[PDB]
Amino acid sequence: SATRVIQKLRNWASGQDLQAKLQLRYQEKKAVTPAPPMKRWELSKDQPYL
Amino acid sequence: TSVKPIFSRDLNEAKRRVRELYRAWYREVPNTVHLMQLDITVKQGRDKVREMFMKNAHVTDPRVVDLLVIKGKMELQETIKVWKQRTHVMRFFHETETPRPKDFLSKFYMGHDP
Amino acid sequence: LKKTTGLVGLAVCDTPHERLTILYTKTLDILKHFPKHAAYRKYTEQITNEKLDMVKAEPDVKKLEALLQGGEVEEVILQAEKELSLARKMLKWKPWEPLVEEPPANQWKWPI
Amino acid sequence: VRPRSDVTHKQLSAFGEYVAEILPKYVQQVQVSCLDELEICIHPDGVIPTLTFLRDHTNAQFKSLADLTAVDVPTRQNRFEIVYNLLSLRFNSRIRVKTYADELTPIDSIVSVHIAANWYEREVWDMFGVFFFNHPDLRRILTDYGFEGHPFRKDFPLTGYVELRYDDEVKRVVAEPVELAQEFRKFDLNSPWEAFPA
Amino acid sequence: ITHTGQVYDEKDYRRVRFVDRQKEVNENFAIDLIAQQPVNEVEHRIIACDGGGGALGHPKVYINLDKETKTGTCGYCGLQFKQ
Amino acid sequence: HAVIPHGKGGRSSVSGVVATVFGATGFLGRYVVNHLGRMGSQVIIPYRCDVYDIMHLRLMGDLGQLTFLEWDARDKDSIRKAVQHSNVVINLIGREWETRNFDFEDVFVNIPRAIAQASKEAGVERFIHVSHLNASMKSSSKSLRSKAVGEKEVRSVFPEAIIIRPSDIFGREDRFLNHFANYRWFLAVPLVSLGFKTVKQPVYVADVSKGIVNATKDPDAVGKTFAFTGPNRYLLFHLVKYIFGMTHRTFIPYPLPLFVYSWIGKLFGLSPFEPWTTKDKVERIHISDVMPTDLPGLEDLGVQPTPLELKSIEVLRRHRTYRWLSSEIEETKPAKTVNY
Amino acid sequence: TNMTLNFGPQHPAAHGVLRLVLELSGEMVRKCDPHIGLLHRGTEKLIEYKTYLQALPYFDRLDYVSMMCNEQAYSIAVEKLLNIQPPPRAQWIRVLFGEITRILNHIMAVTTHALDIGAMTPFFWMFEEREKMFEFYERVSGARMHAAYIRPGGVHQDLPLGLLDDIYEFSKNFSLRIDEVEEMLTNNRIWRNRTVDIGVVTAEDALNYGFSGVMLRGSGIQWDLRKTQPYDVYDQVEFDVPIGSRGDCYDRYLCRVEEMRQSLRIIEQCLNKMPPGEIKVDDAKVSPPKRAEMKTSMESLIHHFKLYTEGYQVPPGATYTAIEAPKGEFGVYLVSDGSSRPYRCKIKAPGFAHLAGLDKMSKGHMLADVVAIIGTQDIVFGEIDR
Amino acid sequence: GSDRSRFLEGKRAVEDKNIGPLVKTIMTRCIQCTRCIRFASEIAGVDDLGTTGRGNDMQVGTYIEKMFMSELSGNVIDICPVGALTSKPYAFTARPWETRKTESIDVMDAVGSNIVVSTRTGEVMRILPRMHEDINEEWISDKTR
Amino acid sequence: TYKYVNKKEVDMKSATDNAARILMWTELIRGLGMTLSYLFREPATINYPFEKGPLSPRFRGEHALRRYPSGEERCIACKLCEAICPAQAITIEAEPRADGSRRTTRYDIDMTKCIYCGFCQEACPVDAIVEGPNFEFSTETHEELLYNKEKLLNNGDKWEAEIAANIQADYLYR
Amino acid sequence: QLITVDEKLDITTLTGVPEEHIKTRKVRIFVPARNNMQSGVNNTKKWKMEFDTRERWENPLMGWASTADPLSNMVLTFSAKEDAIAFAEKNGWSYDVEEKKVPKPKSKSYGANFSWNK
Ligand SMILES: NC(=O)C1=CN([C@@H]2O[C@H](COP(=O)(O)OP(=O)(O)OC[C@H]3O[C@@H](n4cnc5c(N)ncnc54)[C@H](OP(=O)(O)O)[C@@H]3O)[C@@H](O)[C@H]2O)C=CC1
Ligand code: SF4
Ligand code: SF4
Ligand SMILES: [Zn+2]
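Taken in sequence, the protein lines are chains r, W, V, C, R, P, D, G, I and Q.
The first sequence runs 3 to 29, 91 to 113 under the authors' numbering.
According to the authors' numbering, the second sequence is numbered sequentially starting from 18.
According to the authors' numbering, the third sequence is numbered sequentially starting from 5.
According to the authors' numbering, the fourth sequence is numbered sequentially starting from 46.
According to the authors' numbering, the fifth sequence is numbered sequentially starting from 31.
According to the authors' numbering, the sixth sequence is numbered sequentially starting from 38.
According to the authors' numbering, the seventh sequence is numbered sequentially starting from 78.
According to the authors' numbering, the eighth sequence is numbered sequentially starting from 147.
The ninth sequence runs 35 to 42, 47 to 212 under the authors' numbering.
According to the authors' numbering, the tenth sequence is numbered sequentially starting from 51.
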């Protein structure tokens, strides 16, 4: 509930759409290790780096 | 019997350490009474030191004496380093608490369980 | 070759195979003084011998990293000299000797 | 029923023997509990040696000290049971090494082996009174500056012996022997009937 | 005054408290409220007493209204039941 | 009517003394409530000061030990309900400056009478009335004389009513010691007869308080007119200098006729806000302490007096400077004692 | 004394109560000796005198920014000792509220970090989101914080009929709120300076001083107890640990913003895949009987009476169970005799180890640097003091 | 026993009677364990309490209402494991977990029977027997409890 | 699965781009835009006295003792509310009322001792002690916070209508 | 090398107890008996030593019991009589041990009471 102009000032100043995500909620023997050595973690496929 | 030593092998050596701590405290009492602006007399405080150092005069075992100074030394550090604000130091003097009589008749007159 | 290891403080060690071969051969040497049937000597000698056998066998560090695990090769170097330090320490400690003393009776009985 | 994985119970048991053989000298009892954990029990003298082997052994790297604690079994001659819980980031596992220390028989300090222990060892001295030789700076951490007595000892009263209030006459906070206005009601809870051990 | 008639007395050293501040006591004392409750007549020898509302009542108990001589009283509601 | 004393002796314990204390907010008062509260006694503190000021007294009393009642001296009904349920009444009502709506008679004789009068109607076991030391019905200061007038009257309203008669009191927040120390603002410190021939014997506040409290719990004191005095007398000269000594501020004792000086007191007295000096105060200051020949107070009532020098350091510390704030009494020189 | 200067207990900069007796040559810190125990309260001794269920509320208070995640650690521990495990729905719940709680902690840690640095608008932006989350707690437990919802045998009561939907609307948007903070701090020409290259901790040193948290992860060591040793159903979800390089205040921060992001990925799943079922073990022996049952069945009343009055009666044993609380590894070593009340319960606090590191982190640093480093350790004095 | 119940059927109820001024018999509680009928015959020679009837309405109460008047009477309370008949003076003054239990000696009679005085918040709430093989072997007099 | 949060040519275009970022404070201006944006958003605050932050039925709030519709207080002094209270807050002593029924002579919840866990709400078999909705009971004096049976029963009578509605909404869940 | 001490470990000086509660407190080492109410014997197994009971005066404001004795609620549990005696000696508390009294064996047989003779 804010005039689109004022709302725009918001979106422009912000750079993304706040309208979509508003602040107003509405209605011999083997040496034995303790356990098998951990496999090194895989690079995340969806974003390996930020 | 048959007990492993902590810091000294015998009461004799242990007593050496007590002497050192006494000196330490003795030399420190005046400073504290000034850096904490305590309302006590250096002489008075120095007697307190004596009190404590003798409250545990009865200990005969070397191991117990050694821990006692370890603990004593730790207390010194704190006091010397202002870590212990007056409230902490004056507590030693038991200034606010009302002294309790140890006379039997006295206790009888006041407490159910003496 | 790599730019840097994931771990912040660790720094890339060039000639890693040579650095490992130096450390691994040293440990084997120190272990040579341990009592003959000493448990630490037999166990660690077995682990160290397998490690350098692999280090000598593999000329590619990336596959070397896979063969003896260790994550980055630099870590394996740190683990080996850490072990070299303890091997020297245990010789002084003499852990192979019989138990210092039995625990007091009922010392380890938890239900109480 | 918890999802026990026998795969673990065995591997950790096997390590427990491994350590027991590697250090016959200090290990008194090694046991794998049902939760599936492992606890190597060592003579107090083996504090330095057993830890160091675990911190720096290729087949058992136990780099971080999760915790250092001291249960107090008053019945036990050696009152305290210093317990050190350690974690292996590499081989992924945890082992607990527990020793026994009496009130005036100090334990060695492991600040050398793990500097994490610098604080926990001060915590054990303050609460239980065990002393740690070769500690860089052992001094009360949690208790008040002038506190007398070691609090977590089973023989120390919960409420304690001293409490603080502000006194106008002396215009300063002042200890007094504890006087409680509703004593801790000590409900007896143990039932006189046991449970037939499974 | 109150339920169990608490009467800090004219000579007590505690009645001092209410000076300039009233005491907490209860109207519609319960002691008389169930006595004001009619006797629940029943046909059966034994009857239940959920307290009224099941889960929102008392653990259900069965009362033996077997003797007209006595109207069973559920130990929880104090409700007398007239056989 | 009584309360068996149970407990170990500290807070959260019971002693069985329910006591109205009308002027508790005072310097002496503060101390009276302290011990009474420490002992565990039930204390009813009548107050006409705002609630914010009465807050300091709340903490020394245990939960439910202290009850505060709204009370007006002119309104007889307020005194009536305060003593309704008390068995001990202690009267510390006093002032130095005759206020617009309360005269020395009122604060000392008129009011303290009505109070004990009601207390009797109530049936309080004992009443303790406090009047200044050396209080002749003919003494120069209207204050002292009026106080004397009271100690007589209250007898007739309340027979066998203890009458402790304290000297000027020594304590932190006291006037006797702070007043002189505060003469610093004044470049010169006037002293009638150059501070001579007015030997004075101070008494620590606590000693007075403990004494008063002990009275409440002792049958020996009935109709007794105790005199808490002190552990050592002093010519006003040493006192003044000593003070300035601990305060570490220069001293210039200047002779000024009491005649002219009574006028200076009049000047401050003129001031609307709590005149700092009072024509009467001036006179009282010079009124020489009387020697002791009356019912012994301290010691007699159970507390050994405490020398002034011992605690002076605490009372006069606030008046020191940045560095002087770190000096202690034993490196300092204690002044001589003149019994005269 | 090199002008020893107590950081002081009352200081907005010092979270809660921290006397840092510091000797500073002018504006350079030579040595930091943190003092602790200003909030020791006895939590470990008090528990010995209380039954297992009446000691659950103590855990929420141990580190109350992370109210529930702490409760899960005791839960797990008591469940292990009893060899009982919670029902499937309860597990997902605990992971649902486990993560919501991680966000709550990170919003606390990142925004409170900035307030000490001097940026004040991020705190107000995200405390509104926090507020909205609290409301989840309240509508599930009854309390905004200090819920007592996660009990030793599952959660206490099923989610209200409708919560999941709202834990969605919020999650659907929270991202933008993290994004905003970013446009304000991640690249601020000034945040970086006060944070970058401050308190760098090596990888070997971090393991040695027992850091075990983001503090390790920030130095590049890959360890998330949630992936290495899965607890509850954190195994069935899929998330990416945010490892860091050039570990320093700025890098770790970025890691905490990234776990806020990854937790939204875990929350989404939990909402998408939470099973129909019961929320507490069916063993009246360990879990209290339903109130309809205790009011109609004798065995249920007896089990209700004994459970509330006496207790679980855990079998004798001892366990150290550690989870990945938002701060780091939170573990309870719970020694237990056969009695209904515990014998010992040392709480390992991610924080006792981190503070100790303050000395080895803030060396040759200015007064302002010390303020930044206390922030990058998320020190909640409740867990440290216990 | 069992975690849950399967008795979806109805329960029974018996009729509370008067066994005297010391024992409150809310006997709908009775598990027909016949320890009372034994004690009342074997330890004490009262031989009054008895079983009456058969089936699920066997009620162990005096057929005619004659009070159980005898010394040794209060022991029935201690010996009935169910709380069917319990003590009428100590009806609802306390609950056992709270009671702090101090072991002391009977002074009412010269047998010096051992007894445990159960005190709550500082006033005695009950005195119940504690076993002494030689003097009072688990029983105490009606007077001293 | 892991991820690198911060793991990382020089061209005029690039450099000129970077130099402009340092020289004209481009990113700093970016931050100002964000705050200007919210300045235009609706504030989330509520008039506290006039509008109240929402609390759902399980909110624990302030203790109250309920009564049966007939008028008989629900508590039957089983005293396990005392047993399970974590803080030792509830003190109960009882005696048989003349009616012969079982009632509590004294029921004292020390609210300053109470930590509002809500277990008492849980434990009661007759559900006599409930966590009432009211959270606004701040008191000038410490003694007022200590509550005897008469205050709690009075608290129960005042809020019974809402307490009944709240228990009505949440009992199926329990 | 170990040193010799014949001094009974007394550590009263390290425990940190106020002087009054070490010289005026008598503790009794006893095996708890069984509430006659229940027939279970699992609470009559371990020895316990309990400090002497002290003042419990009524509180004036609320009537709650109030105690000035810190060592009142403390009851330590010791598995054997010897170990409990040791705790009293080194802590310096006075002790008065009570021997365990266990039920004597009693001969029972269902057939015996069926004897009309007796
Ligand atoms: N050194 C000394 O002060 C000495 C004092 N005395 C006597 O001992 C008593 C206590 O001394 P001290 O405490 O210093 O005196 P204060 O000047 O402190 O006054 C004592 C109390 O009386 C109350 N009071 C004063 N006037 C009135 C009034 N018109 N109506 C109701 N209450 C009033 C004051 O309360 P409020 O301010 O709130 O109105 C104050 O709390 C005095 O009466 C004094 O005569 C005797 C010898 C020495
Ligand atoms: S003893 Fe108790 S239970 Fe067994 S029968 Fe007699 S009364 Fe019924
Ligand atoms: S539980 Fe409910 S009923 Fe039983 S006592 Fe506590 S309140 Fe009264
Ligand atoms: Zn009913």
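Just so you know, not all the hints are guaranteed correct.
As the list claims (entries may be wrong) - Computed, partial: chain C to chain P, Cβ under 8 Å:
1) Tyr206
2) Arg210
3) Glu214
4) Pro222
5) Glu228
6) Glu239
These aren't lab readings, by the way, just hints derived from the structure by calculation.
Where a beta carbon is used, it is the ideal one built from N, C-alpha and C, also for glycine.
Here's how the hints hold up against the structure:
no. : hint   : result
1   : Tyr206 : violated, 12 Å
2   : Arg210 : holds, 7 Å
3   : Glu214 : holds, 5 Å
4   : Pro222 : holds, 7 Å
5   : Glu228 : violated, 11 Å
6   : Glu239 : violated, 41 Å
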